[PDB]
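Each chain, written out:
There are 4 protein chains.
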Amino acid sequence: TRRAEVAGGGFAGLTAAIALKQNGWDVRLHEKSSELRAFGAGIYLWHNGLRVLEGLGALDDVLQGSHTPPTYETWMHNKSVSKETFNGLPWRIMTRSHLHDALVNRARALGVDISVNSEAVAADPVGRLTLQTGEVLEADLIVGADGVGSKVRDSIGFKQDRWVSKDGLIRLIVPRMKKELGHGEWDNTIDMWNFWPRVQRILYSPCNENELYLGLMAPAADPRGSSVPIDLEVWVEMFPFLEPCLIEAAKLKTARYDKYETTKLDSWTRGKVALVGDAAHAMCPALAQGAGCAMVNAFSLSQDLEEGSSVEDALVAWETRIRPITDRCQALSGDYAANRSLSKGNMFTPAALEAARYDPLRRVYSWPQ
Amino acid sequence: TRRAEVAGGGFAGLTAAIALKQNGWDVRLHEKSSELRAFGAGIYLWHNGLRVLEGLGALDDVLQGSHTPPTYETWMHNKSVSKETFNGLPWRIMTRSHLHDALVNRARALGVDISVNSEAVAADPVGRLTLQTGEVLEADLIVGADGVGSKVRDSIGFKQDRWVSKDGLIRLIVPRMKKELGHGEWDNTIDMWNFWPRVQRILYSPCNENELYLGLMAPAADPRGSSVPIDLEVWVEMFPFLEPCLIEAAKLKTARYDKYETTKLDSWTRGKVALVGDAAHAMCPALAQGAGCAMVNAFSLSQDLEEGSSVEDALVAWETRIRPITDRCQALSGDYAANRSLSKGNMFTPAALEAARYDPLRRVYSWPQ
Amino acid sequence: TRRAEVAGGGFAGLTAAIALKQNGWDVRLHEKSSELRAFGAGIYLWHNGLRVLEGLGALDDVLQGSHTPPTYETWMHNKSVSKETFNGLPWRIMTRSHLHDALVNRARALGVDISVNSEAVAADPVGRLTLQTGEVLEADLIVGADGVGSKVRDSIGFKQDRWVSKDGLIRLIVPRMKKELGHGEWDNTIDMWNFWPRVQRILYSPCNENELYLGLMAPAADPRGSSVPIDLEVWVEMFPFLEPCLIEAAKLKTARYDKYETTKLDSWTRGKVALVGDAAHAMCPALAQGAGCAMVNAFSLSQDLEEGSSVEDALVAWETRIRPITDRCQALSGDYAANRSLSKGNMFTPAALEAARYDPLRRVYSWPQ
Amino acid sequence: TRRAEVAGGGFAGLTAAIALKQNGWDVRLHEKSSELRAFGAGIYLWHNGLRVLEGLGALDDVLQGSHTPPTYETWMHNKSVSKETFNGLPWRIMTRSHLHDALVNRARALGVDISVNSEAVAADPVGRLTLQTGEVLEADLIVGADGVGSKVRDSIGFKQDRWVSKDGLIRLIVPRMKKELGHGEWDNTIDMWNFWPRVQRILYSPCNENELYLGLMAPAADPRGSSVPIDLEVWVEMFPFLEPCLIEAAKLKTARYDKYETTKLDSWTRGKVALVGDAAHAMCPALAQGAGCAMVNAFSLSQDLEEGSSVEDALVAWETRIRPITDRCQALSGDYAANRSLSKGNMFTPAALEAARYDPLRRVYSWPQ
Ligand SMILES: Cc1cc2nc3c(=O)[nH]c(=O)nc-3n(C[C@H](O)[C@H](O)[C@H](O)COP(=O)(O)OP(=O)(O)OC[C@H]3O[C@@H](n4cnc5c(N)ncnc54)[C@H](O)[C@@H]3O)c2cc1C
Ligand SMILES: Cc1cc2nc3c(=O)[nH]c(=O)nc-3n(C[C@H](O)[C@H](O)[C@H](O)COP(=O)(O)OP(=O)(O)OC[C@H]3O[C@@H](n4cnc5c(N)ncnc54)[C@H](O)[C@@H]3O)c2cc1C
Ligand SMILES: Cc1cc2nc3c(=O)[nH]c(=O)nc-3n(C[C@H](O)[C@H](O)[C@H](O)COP(=O)(O)OP(=O)(O)OC[C@H]3O[C@@H](n4cnc5c(N)ncnc54)[C@H](O)[C@@H]3O)c2cc1C
Ligand SMILES: Cc1cc2nc3c(=O)[nH]c(=O)nc-3n(C[C@H](O)[C@H](O)[C@H](O)COP(=O)(O)OP(=O)(O)OC[C@H]3O[C@@H](n4cnc5c(N)ncnc54)[C@H](O)[C@@H]3O)c2cc1C
Ligand SMILES: O=C(O)c1cncc(O)c1
Ligand SMILES: O=C(O)c1cncc(O)c1
Ligand SMILES: O=C(O)c1cncc(O)c1
Ligand SMILES: O=C(O)c1cncc(O)c1
Ligand code: NA
Ligand code: NA
Ligand code: NA
Ligand code: NA
Ligand code: NA
Ligand code: NA
Ligand code: NA
Ligand code: NA
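Chains as they are written, first to last, in the entry's author numbering: chain H, 11 to 379; chain L, 11 to 379; chain U, 11 to 379; chain B, 11 to 379.
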């Protein structure tokens, strides 16, 4: 039996572990943290990620208790500038914990061996993974799914450009308060942009009938807008229609102003080691596809390992096949972020939706625009 | 090699033929008409039917050149009473020819032997199909996909209740005239109900950027509203906002006032003969699921024939497994039609969407409400 | 000093009494009822009536505590069909008591001698008024302002057509409940028409920040819709958006289903007797001008009595000058009522607004359309 | 017969001349310009100014061919922030020429002696007016209605503060293009504010079915926004919904970027000389009351001259009676302009509307808020 050692229990690592286990690999997954958890409050998935979930046998648990808004709406200075439904392209909003739980439960159901407090500190291309405990594990495949600060990557040495932004946002889950919001379209995604009187934006993202995912975005140089716990007054001033939800947001002492971070590498493979997710390709969140691409790439890795080739050759074939979708999406999302393109509305163009349109199960693009 | 003879080249027969051919059956399909064509102007499919298309390898050709509205909207007396998006449940509108062409092209690509001017006039449960030419074909499976007036069914004799309504509607494809319609949400499905000043209704159904599917519904006792070609004045009077499209509709000399028709049988099988689609279960169109159920049932038949059982036993197992979804949907659609339930809006309830939610590929219900 | 005896303490009689007293007449007014009061809940005035109030020195007290809606809106089956603002033509809504009080207070301020429990039972063209007490009062002018059942008129004998309708309405004052009505344009006049599922209409008429005037109109043959106190269920069913106000309306045990009533006479004068208001020209309320015309005619009477002619000649001149405006408005309002013309919206045409446009102070038409 | 000499043929001078002529004064009016004309494209009047017009016998000609919008609407960054109708307070929009013509025609009808190319260069408090021709005219009253640069004022010497702003606006009349504007509320006043992406504002003011009054406001430091003829691109960019009207505006080679200008004086009188209008009290246009106050003050002057006092005493009484309304309105309009208060919407408060609410005919405040 082929053995895989996966470093990291995020969406990339769990996807890799499930996909490999379904194909008969002996899979062990190692999470550095003391518990299995997902940070970031909420998350969007699209057709591509939902198809991965179908491929993993985890779609049912995800769709139950998650939300597809009637439309993706954009506001500029409180004026609705677009409503987009992507010509039926499937999409979904959920809490991070909801997605995480579904993947963990599926991995456990399949008998994936999951270890917590288990940090990969070094990886060897010949197929050896060293944990912080000093345990050296031999494997036929090593998956570096260990995030932007991947030690699987950096122990080997990959030529790279990394960037941590000065700016960021505050992501929270609060109650919907739907009745208290009164008249409106409060099941929508609403991306609420402003440049005047200050640069403040809220991405309003319903997760289900109970939970609302809010992203509060202000520059780091704004001492009030970037404050945690949230400066209620400055958010209510520019988003008064969300006051009921913002009052609940202001109670959260766990709120963090998290910075954006990107990674791009010359390659994603070395011998029997494959880098997946933020370890390889962390990107700007404009197109809401960092985890989508991570999951597609992890699932696609399992596919290329079923061709009867050596692991080394399968990994090379995998990157060649799948990386361009991620490269283009990363580049375009970065362009969108820098140009504030989403502020215009109607920017989920055919090109913007390329990654979302990809079906990893059939390996074709679907849901034409 | 197992041989199947399929009577009828509608959506049920083509689905059966493709699904069987994909599983290695030697399939021949017989269409009574001189050409392969689909009547009825336009058609809605939902998740269940779209999943059948995925199973048939015909989804790509269908999604290209078809439309998912941003919302399914209902009007009563020109007042919007509901907007429904079904919590992300996939759905699609297309011309009948668009769906038909996709299925025919797929059947031809797989090497299904299609005959036109080939009418099944008698079927024997032992596996003999007699054509109007006098040709007697022996087969391991006979599929009666030959519509509400099925001769495969009636030559054998199935206890049945059939009903042809006095009332009906006029279904047409016209240009979108989107610019000429001016301000509005003209990519929506809009079910435009009226009881005052007369009983007149238009189901407004965009198929793509070029083609609009209209259903003009008035009682048979209304000599103007039921007239073909359409009485332009009486339609413009109550739907003045559609005048540009109605002017184009009035040019169509091919317009027909078609009656609603239902069939229900005590059983769908006899020996090696299976009845699929309108031959077995024609229903009211309120839930837009007659072809959806027909396609699910045809696809499901192919599945039950892969269990290693006798054809006779597989057919019995098939009906037992799949019929209840169709029975409930038929009953509920008839209830909706009789009570004019759709006129209230917000009537695509979890129960109404049961058939749509069924995934025939995984044999589970998806897209929870 | 010239002496006038006025029969009736309604809007016509009070207007006549004030206007005459301002011109130096010794005026006595006789009200049959035990108290000075105005029935009918609320009332609309337009430019013509507001100009009379200006002429009477009673405009200030009327405008304080009354309401001009931002627009006059019409709904058919809950769909807004028109919004009308009459090109700036002044108009106003108020409670009947508000208008009544303003006129009574002005009459008292001028020293008009007002008697209650004082019914005119006979009038003589030579200038004698007999009260129910048997008191015979001699005067230079007798004003029959004693309503649709005028005894001043009928004691003399005027050729006439009177009509009392079988149908009618329930008029009430309730609290605004503005906050409880939620999203909307609840300061508007909204004429809420329906023919389906039943013939039920509400004229929604805000009087000020505290008081709402509702007219609930259903046919007499409808036992539920015409019931008093109101059948809450049947009104909430068709006007659910007014439920907070309708709950308050249902508490009113004083509610009446009052019938429409009209009067038309061959003449309005006989010797020293002049008939004013409903005594002469009761009309359908479609154009909201019965009191408007009554007040214009009463004020105009005082004007014609300042020409230095005999009272008999002044009265003849008065009717000749002013009656055609009332005749046309009565006729058009009756046409509108019979044809349900207001149900279409946009029916306050230049012709419909003729009476409203008349300025009695300058004797010209203003506020062109 | 009392003789009045009026310097200036603007709204103040024409009002003074008509009002005095109606009271039996021998009135001569002197306009410096070669023709009688009014600059500034369009103008708003309110109840106070409309009542002056009624007092002048010029209301009929003004209301015919002018417009009361259904509402006064305010936008910030294309989002509607308020709709105001002032609780029925009368108001009106018209072209400057429309108002001017009505006043000139009334003055001519009354036999006011109007001279063009007749400039007042000096005034003496004893009642002598010297024209640029050298003609010295003796009079019982001299009216300085000669604008912000009044030579009647400055020849005498009045302690004053004058201010000419660096900023200004471009005022134009263009066709309505109502059909070309498509869906909207295009009969409204719409004050269209923006601070982002640049400081640009359009006051949209329909005058009648044919003519639209536009005020295009940008800072003088903006070389494109302040350009004449208008820089079409920069106006269409921020007001694309007005493109049809802006294309017509760009054709006007007569367009001017006119600066705001204010005047405030310690007194308005000296002996037999009275200063009226912009000569005395030019103000910021935020409350749209510069001409309103000018007309009220000119009309009020005629009233105080009917008390049987000396002209000198009547003038002192006039200023004491009427100036505080103008002082408060000037101050508040300046505050509004400086604070950009109108950008918030809902700022026509009872205090803001004080001047508008004043009725000069009855000398009371009407139309309570
Ligand atoms: C503001 C924001 C919004 C976003 N929104 C979206 C969205 O809507 N949709 C979407 O698809 N994506 C979104 N993304 C992207 C998404 O968050 C990431 O791309 C995705 O979570 C990365 O998954 P991962 O498994 O690669 O890495 P991670 O989620 O970082 O998981 C790595 C795991 O490995 C563990 N670990 C780290 N080092 C080691 C080690 N040495 N050994 C063992 N374990 C280790 C960590 O503790 C962690 O649990 C967003 C990102 C940001 C910043
Ligand atoms: C007004 C209306 C609207 C509808 N809207 C929808 C909708 O939106 N969505 C949806 O899913 N469904 C809809 N339906 C239902 C749908 O039209 C039918 O259920 C579906 O087309 C039936 O397919 P079928 O293949 O069973 O039969 P058919 O479409 O009738 O095809 C039978 C074929 O067999 C041929 N034939 C007949 N007899 C013989 C014979 N003896 N031998 C050989 N060939 C023969 C015929 O010529 C025909 O081509 C609607 C129905 C109506 C009436
Ligand atoms: C449903 C409805 C809605 C209406 N809405 C409007 C509206 O919005 N605007 C509008 O302008 N008009 C409206 N009208 C018309 C308006 O109500 C009448 O035209 C107006 O009140 C008539 O005034 P009046 O003074 O002529 O008669 P009344 O109001 O009838 O007053 C007559 C008075 O004389 C007294 N009286 C009677 N007989 C004698 C006697 N013999 N001696 C002494 N006193 C006597 C009575 O007690 C009464 O107080 C409406 C009418 C109806 C039915
Ligand atoms: C941008 C803007 C918008 C405005 N909008 C409004 C509004 O909506 N509503 C409103 O009410 N007001 C408005 N105003 C104010 C209004 O324009 C003025 O207050 C009003 O026109 C002043 O009238 P006037 O007669 O005092 O002076 P002017 O209109 O300046 O008239 C003076 C006349 O006297 C002549 N003249 C000058 N010197 C002499 C002399 N020595 N001898 C003889 N004749 C002379 C001039 O040629 C001129 O014809 C606005 C002002 C501005 C700047
Ligand atoms: O920062 C964004 O533009 C962004 C856009 N979409 C989803 C998300 O989480 C973030
Ligand atoms: O007749 C209907 O109610 C109907 C409802 N949905 C689709 C359709 O084709 C018909
Ligand atoms: O019955 C009417 O149509 C009517 C219309 N306007 C005011 C009113 O009181 C009644
Ligand atoms: O500049 C203004 O704020 C202004 C406001 N109202 C009318 C007008 O002409 C100008
Ligand atoms: Na991507
Ligand atoms: Na991306
Ligand atoms: Na069905
Ligand atoms: Na059905
Ligand atoms: Na009338
Ligand atoms: Na009338
Ligand atoms: Na003023
Ligand atoms: Na002012």
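Rather than coming from a laboratory, the hints here were simulated on the basis of the structure.
Be careful, since some hints might not be right.
Given that identical chains are not distinguished, each listed pair holds provided it fits within a single copy or across any two copies.
[Claimed, not checked] Keeping only pairs whose Cα atoms sit at most 35 Å apart, straight-line, the calculated DSBU-like set for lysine-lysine is:
id	residue 1	residue 2
1	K274	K188
2	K169	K189
3	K188	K89
4	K89	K354
5	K176	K89
### Message
If the cut is 35 Å between Cα atoms, do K274 and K188 qualify within a copy, between copies, both or neither?
### Response
Neither: 41 Å inside a copy, 45 Å across copies.
Since the copies are identical, ignore which copy is meant and state whether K176 and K89 lie within 35 Å (CA to CA) inside a copy, between copies, both or neither.
Classified as both; 29 Å inside a copy, 32 Å across copies.
Fill in: Status of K354 relative to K89 across identical chains (alpha carbons, at most 35 Å)
Cα proximity of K89 and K354: in one copy and across copies (11 Å, 15 Å).
inquiry  = At most 35 Å between CA atoms: does that hold for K169 and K189 within a copy, between copies, both, or neither?
reply    = neither (52 Å within a copy, 53 Å between copies)
Within, between, both or neither, where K188 and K89 count as close if Cα-Cα is 35 Å or less: Intra 20 Å, inter 23 Å, cutoff 35 Å: intra and inter.
The structure does not agree with the numbered hints 1, 2 stated previously, though it agrees with the rest.
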